[PDB]
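Student: Chain by chain, the residues run as shown.
There are 2 protein chains.
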Amino acid sequence: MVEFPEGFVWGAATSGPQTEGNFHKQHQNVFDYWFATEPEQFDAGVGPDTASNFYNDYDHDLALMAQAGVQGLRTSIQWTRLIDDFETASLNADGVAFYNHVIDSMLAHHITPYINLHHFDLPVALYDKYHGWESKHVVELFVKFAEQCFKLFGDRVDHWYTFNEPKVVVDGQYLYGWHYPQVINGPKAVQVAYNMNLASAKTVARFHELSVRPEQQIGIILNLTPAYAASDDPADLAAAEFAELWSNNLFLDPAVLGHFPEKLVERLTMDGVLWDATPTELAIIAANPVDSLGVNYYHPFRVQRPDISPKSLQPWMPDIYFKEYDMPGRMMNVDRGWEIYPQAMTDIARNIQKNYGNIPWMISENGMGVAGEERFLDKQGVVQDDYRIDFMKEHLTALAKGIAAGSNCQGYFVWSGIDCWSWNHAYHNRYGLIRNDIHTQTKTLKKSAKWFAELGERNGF
Amino acid sequence: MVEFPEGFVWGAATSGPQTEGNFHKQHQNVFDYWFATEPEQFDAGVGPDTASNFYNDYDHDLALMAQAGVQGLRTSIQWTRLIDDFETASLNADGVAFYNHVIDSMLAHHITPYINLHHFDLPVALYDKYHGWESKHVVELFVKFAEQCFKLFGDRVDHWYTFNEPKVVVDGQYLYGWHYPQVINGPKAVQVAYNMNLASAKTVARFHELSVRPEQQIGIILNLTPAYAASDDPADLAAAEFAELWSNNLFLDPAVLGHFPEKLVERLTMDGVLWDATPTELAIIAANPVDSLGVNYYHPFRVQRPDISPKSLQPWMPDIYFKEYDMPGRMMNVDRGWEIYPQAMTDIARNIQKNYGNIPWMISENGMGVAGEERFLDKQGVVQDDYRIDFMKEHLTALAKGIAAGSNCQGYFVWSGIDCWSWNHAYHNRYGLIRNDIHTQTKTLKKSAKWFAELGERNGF
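The listed protein sequences derive, respectively, from chains A and F. For the first sequence, position 136 (counting from the first letter as 1) is numbered 136 according to the authors' numbering, and the numbering increases by one without interruption. For the second sequence, position 135 (counting from the first letter as 1) is numbered 135 according to the authors' numbering, and the numbering increases by one without interruption.
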């Protein structure tokens, strides 16, 4: 009734920081330090020190994911676990040993590894010493960490990603207080977006200098969620224009086309907040676009005119040009606060096909987070998460229309395999096909896990 | 300068609930349920779910305890981990295998096991089903649990304990709200004190039926701090008399002499709150005294006359006869609010010598808790806990005065080897010879750890 291309990958996505726990980890990332000093900023004071116990229980957790139909698992390597000295990227022997264990264990459970290098987990010491992603020297230290990952694990990992959602690092660390250091500074944010695009292009370049087999490829993972104008009012259309350039093109265009979006550069310049770039850096970005795209999609983005004129006396923010809009009658993931709009999948697919060379891409994250899932347990402690199955069906239906129209989508990864630690929200909302009882770290397939395994067997539903 | 008997045992003490974490544990004990229910009752919301990670890191943790001079480790087996069906004491095979690994690992590190059966960790389902320690049926199920421990581990463990401080279970669960379920009921407390005494004698009986070697002994661990009278004013001395019959004789006399203190039975009968016993139960108590005594001491205990007459119209509580007294001029550990009075050790040693047959005994707990020990890290990472060393010097010196005068003391167990979870206080105070960074579960010897090691080799200081 709804079928998918031959070879389509059915996978799951997590990250190191949200699964491993902090057991024996050498360095604190910014979230580790945030929790150590202000535990009250986290749901129930549950931080990342244990998370979903993946450091200790990886082998059996991978077996459960394989049970759940996870043919590919995408997670991340922590800079703060792998590296001893950041300046030279010397190696923490115990951390290298741990990532070889989980990659080997993925293979033994017949899971294809997809390895992302960075997922919101900047080392706090590099923020204290250089201001983190503001520093083009920190950019270089990142590339040297990437180089080690490629040399250590490239022999049995084909599929890599530089970053998960750099835009969330920019927004979170420098615009809205979501991430420690909670800086609130538009111009810095512009430089950080620049610096992270540059780090990604420099990592792509080093990846291909070091690759040995043709099937090795490196990509990036972004939100491509479209900006719908609230109305056809010119002021709402103009707000949606800028929201689109700034939330999507800022990263999509340099990663895939090789250059920054022309209209955005012009607006940033006119406002006096343009990044500092050099011709040599821009040439690196132009010469090393990603091999593939990971699309994270959860909810649409709707936007109307700003309440006050953008020429008002205020600190510069991208938000001076647009304000978020609530559509009456929207479908809502309420205990979460997000709109549910599957059709955006189709728009994204068409946009990639028409405007971005129909580059090979995957849905790298799609999922629904729900609170208090103990209420939906049945007589055997199996969460009856039909809502999650229906949510997956609605978005997969939309995806398949994009594919039949000709968009080069090659896989679908659910967020997430096993309930994992959702930053300051901790375990308030669950996303997994597999429930984790975090008091005992005992995990059990949900109803959606068996549906997912069957979806992969029939390559459809 | 201050020496100790040949063959003195230099040890450390903990418990399972305070170290293991709840990783893969089948059942919740009362503290597990309490934290799952009311995490706000726990410092910083830090519960038992990870504790000091002993479930995962036992082998290396025992190595560090060996470096710190721990020749005997006293800890406990968790009823809620070992047993599948409480009614039949059927075995949980992963919990059985876990205790087999730590006991074997203790042996390989040249650490003599000291295994205690119960440290405040009643399974909450047995309180729901039967009201817990109020049930003489639960008394039997505990004996069945002890049976299983002796058969699985008795081939390698010589030294056993029935309970760690039953009085704290009485006081905590039924008098002052320290332990879930926080019942406030004096008469119920009297019956629970009786039932736990009876559980212990029955366990001692079973233990000797199933004994295989003569070296195998089993004891009980109690607080025997004297109840010092505030003055020689007859109301004060009479208060100290009941305080001692109640806080010490309630368990000392059944455990060692095989009967309850006659003046205490008389008092509770007069007030109409006395336990329900049978002659056969009393005969089992009389026929199975303990083989040895573990003594816990931290701080002294002083009492004065109650403020109102004990005949006043109020719910019966042991405290209607005595009130805590603060002595002008006391030597205090001010941050912890505890008096320092080392000679109480010497008084305890004399009491066991004179009145309790000089039964073989050890100091099963003694130690000092301090908050924010990060203040005394040298930048080599070692806590400079000179205060802990001086504390041990004073108390070992007073204990030596007792051994010299003829007290049959055989060992000194520090609380604790590694920093562990102190119930609702969690990790606010640290007692260890070894420091635990509970964010990373990375452990490091303190200064006192090297001191304790040299103390054991020199057998003095």
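Simulated from the structure, these hints should not be mistaken for laboratory data. Some hints could be false.
Which copy is meant is left open, because identical chains are indistinguishable; a pair holds if it fits in one copy or across any two.
[As the list claims (entries may be wrong)] SDA-like, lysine to any residue: derived pairs with alpha carbons at most 20 Å apart:
1. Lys311 x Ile389
2. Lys379 x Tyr33
3. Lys167 x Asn100
4. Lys136 x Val168
5. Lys167 x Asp84
6. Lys401 x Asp386
7. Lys188 x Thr442
8. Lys323 x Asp378
9. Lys379 x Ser309
10. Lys379 x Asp84
11. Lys379 x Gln28
Student: Could you work out which of the previously given hints the structure breaks and list their numbers from low to high?
Tutor: Going through the list in order, the structure violates hints 1, 3, 5, 6, 7, 8, 9 and respects the others.
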